[PDB]
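Please take these sequences and the hints and turn them into a complete structure.
For reference, the chains in residue letters:
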Amino acid sequence: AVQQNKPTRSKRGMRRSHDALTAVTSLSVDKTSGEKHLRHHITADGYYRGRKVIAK
Amino acid sequence: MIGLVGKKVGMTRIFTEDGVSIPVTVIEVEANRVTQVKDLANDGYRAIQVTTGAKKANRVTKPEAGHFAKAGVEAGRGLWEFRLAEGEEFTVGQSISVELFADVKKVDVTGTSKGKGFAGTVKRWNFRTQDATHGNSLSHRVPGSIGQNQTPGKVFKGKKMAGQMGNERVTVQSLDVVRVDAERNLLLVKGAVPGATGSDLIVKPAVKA
Amino acid sequence: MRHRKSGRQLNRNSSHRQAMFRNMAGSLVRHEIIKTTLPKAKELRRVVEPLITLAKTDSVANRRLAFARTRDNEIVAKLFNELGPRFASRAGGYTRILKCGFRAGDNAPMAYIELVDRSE
Amino acid sequence: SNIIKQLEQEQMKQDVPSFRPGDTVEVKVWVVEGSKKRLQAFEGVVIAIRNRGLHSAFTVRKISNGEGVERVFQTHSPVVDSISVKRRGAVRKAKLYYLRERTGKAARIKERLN
Amino acid sequence: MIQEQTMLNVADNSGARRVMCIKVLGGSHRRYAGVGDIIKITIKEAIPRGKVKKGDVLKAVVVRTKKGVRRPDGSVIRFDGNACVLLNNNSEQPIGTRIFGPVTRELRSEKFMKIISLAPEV
RNA sequence: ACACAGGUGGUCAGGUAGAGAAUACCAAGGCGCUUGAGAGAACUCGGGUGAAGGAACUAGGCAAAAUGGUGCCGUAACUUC
RNA sequence: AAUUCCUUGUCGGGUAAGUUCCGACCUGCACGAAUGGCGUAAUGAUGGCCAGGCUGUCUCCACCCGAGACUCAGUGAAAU
RNA sequence: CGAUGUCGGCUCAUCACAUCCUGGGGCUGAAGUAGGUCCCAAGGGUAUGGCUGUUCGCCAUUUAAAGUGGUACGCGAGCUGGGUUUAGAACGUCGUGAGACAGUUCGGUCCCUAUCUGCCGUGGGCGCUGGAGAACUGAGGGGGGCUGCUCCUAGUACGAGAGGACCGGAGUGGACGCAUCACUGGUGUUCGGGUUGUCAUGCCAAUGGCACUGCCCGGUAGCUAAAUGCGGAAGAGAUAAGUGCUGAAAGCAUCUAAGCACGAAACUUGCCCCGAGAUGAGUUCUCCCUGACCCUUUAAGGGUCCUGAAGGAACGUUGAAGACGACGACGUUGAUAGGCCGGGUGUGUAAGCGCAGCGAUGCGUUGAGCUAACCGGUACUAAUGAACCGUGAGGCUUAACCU
Numbered sequence: 001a002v003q004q005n006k007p008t009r010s011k012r013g014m015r016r017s018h019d020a021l022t023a024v025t026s027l028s029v030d031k032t033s034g035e036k037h038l039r040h041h042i043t044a045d046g047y048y049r050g051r052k053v054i055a056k
Numbered sequence: 001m002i003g004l005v006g007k008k009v010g011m012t013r014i015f016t017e018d019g020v021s022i023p024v025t026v027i028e029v030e031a032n033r034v035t036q037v038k039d040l041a042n043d044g045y046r047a048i049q050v051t052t053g054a055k056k057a058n059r060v061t062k063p064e065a066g067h068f069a070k071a072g073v074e075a076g077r078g079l080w081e082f083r084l085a086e087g088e089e090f091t092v093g094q095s096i097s098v099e100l101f102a103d104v105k106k107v108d109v110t111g112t113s114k115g116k117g118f119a120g121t122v123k124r125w126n127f128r129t130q131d132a133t134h135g136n137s138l139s140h141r142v143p144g145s146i147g148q149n150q151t152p153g154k155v156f157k158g159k160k161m162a163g164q165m166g167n168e169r170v171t172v173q174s175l176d177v178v179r180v181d182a183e184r185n186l187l188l189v190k191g192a193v194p195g196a197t198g199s200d201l202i203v204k205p206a207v208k209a
Numbered sequence: 001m002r003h004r005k006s007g008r009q010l011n012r013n014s015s016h017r018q019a020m021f022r023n024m025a026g027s028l029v030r031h032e033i034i035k036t037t038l039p040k041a042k043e044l045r046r047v048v049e050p051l052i053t054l055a056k057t058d059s060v061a062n063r064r065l066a067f068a069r070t071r072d073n074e075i076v077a078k079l080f081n082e083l084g085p086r087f088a089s090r091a092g093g094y095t096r097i098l099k100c101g102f103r104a105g106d107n108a109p110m111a112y113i114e115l116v117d118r119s120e
Numbered sequence: 001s002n003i004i005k006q007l008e009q010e011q012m013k014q015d016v017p018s019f020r021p022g023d024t025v026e027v028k029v030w031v032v033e034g035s036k037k038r039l040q041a042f043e044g045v046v047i048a049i050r051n052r053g054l055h056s057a058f059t060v061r062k063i064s065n066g067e068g069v070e071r072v073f074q075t076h077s078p079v080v081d082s083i084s085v086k087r088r089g090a091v092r093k094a095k096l097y098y099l100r101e102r103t104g105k106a107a108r109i110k111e112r113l114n
Numbered sequence: 001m002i003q004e005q006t007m008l009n010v011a012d013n014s015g016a017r018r019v020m021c022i023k024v025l026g027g028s029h030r031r032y033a034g035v036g037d038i039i040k041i042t043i044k045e046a047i048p049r050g051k052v053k054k055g056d057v058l059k060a061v062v063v064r065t066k067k068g069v070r071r072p073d074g075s076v077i078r079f080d081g082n083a084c085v086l087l088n089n090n091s092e093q094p095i096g097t098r099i100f101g102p103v104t105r106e107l108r109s110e111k112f113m114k115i116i117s118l119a120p121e122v
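Protein chains in written order, with the entry's author numbering: chain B0, 1 to 56; chain BD, 1 to 209; chain BN, 1 to 120; chain BP, 1 to 114; chain BK, 1 to 122.
It cannot be assumed that every hint is accurate.
Unchecked claim - 25 Å max Cα-Cα, derived SDA-like pairs, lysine to any residue:
| id | chain 1 | residue 1 | chain 2 | residue 2 |
| --- | --- | --- | --- | --- |
| 1 | BD | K7 | BN | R4 |
| 2 | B0 | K52 | BN | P109 |
| 3 | BN | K99 | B0 | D30 |
Don't read these hints as lab results, they were simulated from the structure.
The following block contains the structure:
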């Protein structure tokens, strides 16, 4: 089967709310890290509980 | 007259002499604490909110805490409102215990049954299976032919189809009580009642004619 | 179904799941840190701590265990003799865990497993 | 729940003779068998370990009778008086289900004395 | 299951040597038989001193099954083989003059009093 | 026609078990199959196990499942012996 | 009868019953003797019936391990 | 005719009503038991095996009945392909013959990646026009409905004996739906024992892999059943066909007009569940919010000071939640999951050492050893310090209360 008519531009509804995502509300700032980090989680320079626990 | 909320803790058997096994369901009923009585400067009908529980002091919310505050500093997790018939209740008296069944030992039970996920198309709907050989293949447990040609020419209501099942209300009317212990919060009933271990239910003295 | 089990399905045949935990353990005993995914790490913790516990129990019949695993010479002077006292002085706990940022080429959560006595 | 665990401790026995599968129990029984209560002597070997408590069926099998005869009475029941346990077996299994697939003259239960 | 084409041993004296069941009896759209059921039966081997022949059609009572007797006290009264006694459809009671062994004491309880007097020690 | 779960005559010839170039576990040598990350539903699908019956299945023993070796004793009808 | 209206010839065997298999009788509407008559041994990726075996084929289905279906990422077709 | 599969099976179903069964009424060559045989009622119920593709029929045997018919003689993008059927063969019939034969027998490949309608479950968005958390009504919507065997009533009634009821129960079974996990069986590839072959730890140990889970036997937890339990009732309202009492228009007659007495499983009530997409957005309780201003001829906004969330979403650890959505328990006012120390079930006396013995092998320490999910203690490991969605008591009319 094929699309007999182009849909009214509203019909993408519940795909349109998923077409591009972060999937998180809303990532946190840290005093020793540049890019934002996940709640209860480690930063992109290895900070957890305000102290550095791993190296990159 | 009224009803009690409990906790279904399992099933066992208690026997008779010299034999017959007497299977029995085991229920614990901590005394229902009461939260409200109506027709006493609140509402036009006679009813009691029997309540069981207390919740956790750092997890209880303001709209629930302020709704139990008339009865105390614990959010009793629910109301369970029952209308009064053939009896009376007042704003003073002991928390409601299994002494409701001290002389009335025929009861009725309400609760949700078979909380077992999705089951399967045949495991739910008791269909007849097709041939496993003799040229038949690909179809064995599919729902089958869903109608008939042209004249009705449509799918019927009140038929068998797949979905999410179970955990819906059932009412049992033929039950006898074997033992009660208000000091040890115990109820022992002959046979079986809806839902698995941990189920809450409602148990009432019989009113069926 | 999985209606009783608390394990993880991971990927591939059960004979590979068991072998991969024993291979990562056969490296952790001599490298003392391993990088892998959170599903692999949380199952592996419950495979390495029996092997580190076994190193305290150098008694009759109990010494017969794990002898058919990691059958190489480069650990025989460390397993039991050294891998016991390093934690028999600590009276409980063998591994330090941390969960780490997700892989950008796929979608796995990462983890870091380290021994509580590691000296780099 | 605790009360469901205490409910069995008011119908279970609290001190009894010790026995295991392969022992000679010499069960003295009533088992109704008529309108007036009377004691009978039951013969055979016990094929039960009864660790599961109140509902353990207390199975006994007499391999000395024809092809072998088997019966149950329950471990905590009003149809049994007492057991002697004077003679005791030396077997290497606990269910003994092989007696239901082997001929009695090739499945006689071993004494294995040294 | 004891049902159509189930082959049973006889406890009937000088009785039939191979016999097979047909239908089930006792109720409309009934399923399966056990201890205390009477079923319709056919002769396949009669023995030379038999008073019936191949393809004769009778009834028999089921006295033992490998599934046994239920609901005495919550346990089960167990047995190892499926066995029956052939009945006389014209004169009622067993087709023979005696019965082999004690059979089952369930025949003494309520329903089979005219059978436990013919021979059984129960 | 594909960076294709397919094709291609002969040749060599380890160990343990084996009659062996059968078959399996291994060696020497080779190979890890150029979708990644998760979930563990209906329904399909490679398989294992089944009370207690038992072909009762089916147009029809079609598939499942069993049979299965070495040695002695034993061995029918029909036969050009 | 791979030949025949009536045919499931008809008597009898096999069966709980048997349009199916056999023993037999021969109105072969319209077999028949080298476009041979007719039977065995031996054979067959050969026809049909009976019986013992196998067993979830069936009675009544249920769990146990895995693959796809399910949710995405990257790359992105087919008939209509 | 630039296509519409036809008899049969398996599976999934439905309508009619000239009623087969069930509930009832009536005539009879209705004595009784039965049969012959018709009408009220369509709520419920209604066949297995040998032969045959069988529709149909022939037989055998069950049953509360073995009722009839529609629907393209229901349901092949439903599965099948036994029958009807080409391409092969052979016997007959026909023909000069090729060949023909609804003569006969045998044999004979079945495509698929889902828009809209229909139907089950389940989300987001929007609607309930102040917000957030829980409990509750009722415009409407569905579900159910018995039946063998035997004895007492009764061998009474009836009838020449044989034979054999209304009445109205009592015991004991069957069918069907719903319910639990207590049995007692099955399953049980995170537990143990027995065992063949071969590879591995140098070798002997006894600890492992592969060989169908290599073979076999058990099994905790989880599940499951061939497990064990209950019920559609009763009490009533009103009716059908029908049966009667009283009684008329029509001074009689008659069950009907007035009136009263009944009358079936059908109709109504009782019985169980669903229901605010109920725009036709019902009720009750709890929690949160009641200040201004600049700029602009402005139901259009762009800012500032003052002042606001109840609770959710997110985070995970996880679940007896679950396709994905969506949802429940819990996270320092601390047992959500794991880790430790104990308790228990299962398996069955290990491995060393000791001893006997020619040795295989066995016996004592040893009711040993091994252990998972079963449940008791214990924070050993992890849950740490912010933001976000969400304000300013929400337009108008009518009557009553208080001031």
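Here's how the hints hold up against the structure:
no. : hint                              : verdict
1   : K7 (chain BD) to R4 (chain BN)    : 23 Å, holds
2   : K52 (chain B0) to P109 (chain BN) : 19 Å, holds
3   : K99 (chain BN) to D30 (chain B0)  : 18 Å, holds
Checked against the numbered hints above, the structure violates none of them.
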